[PDB]
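Shown next as structure tokens: one chain only, the form deposited without its partner chain.
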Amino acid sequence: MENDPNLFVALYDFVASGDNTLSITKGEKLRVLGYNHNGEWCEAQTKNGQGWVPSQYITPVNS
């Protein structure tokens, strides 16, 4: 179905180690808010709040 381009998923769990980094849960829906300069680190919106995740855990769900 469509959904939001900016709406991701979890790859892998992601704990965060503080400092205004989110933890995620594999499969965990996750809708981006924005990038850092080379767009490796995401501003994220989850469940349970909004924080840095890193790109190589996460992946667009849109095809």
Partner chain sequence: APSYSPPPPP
Second form
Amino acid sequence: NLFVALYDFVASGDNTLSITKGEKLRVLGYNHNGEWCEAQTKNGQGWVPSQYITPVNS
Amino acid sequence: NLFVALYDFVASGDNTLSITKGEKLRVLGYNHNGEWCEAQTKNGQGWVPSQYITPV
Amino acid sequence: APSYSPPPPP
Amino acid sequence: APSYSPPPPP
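Form deposited without its partner chain already given; the form solved in complex with its partner chain follows:
Then the entire complex follows, led off by the chain already shown.
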């Protein structure tokens, strides 16, 4: 299930993952309040802001 | 749901996470064949053998 | 996930 | 995730 980063986000510790606008990523799940989601990129994984991503081809 | 490592596993890059027997982790998802799971410990995240962990 | 808030969208 | 197999349980 493929998403794309809308905005840049730099990891800030606590298992967050940096993402670059334009970057593709797979989403594994959301936290309880939906504010964070667990993302897998080719070359890392960790939590990113749900609001910073959108599905591909939507 | 909290998990515990049953055996040590050593990361060989590839987005893997090394874990030690007795270490607690959170499981965040699985790959398509279920052999690997996305774990989170005190040390970071990464993939670990699904067979190496069990719930606490 | 982190307990704190993510940053708002820019 | 890795494409290759995990090591079997020891």
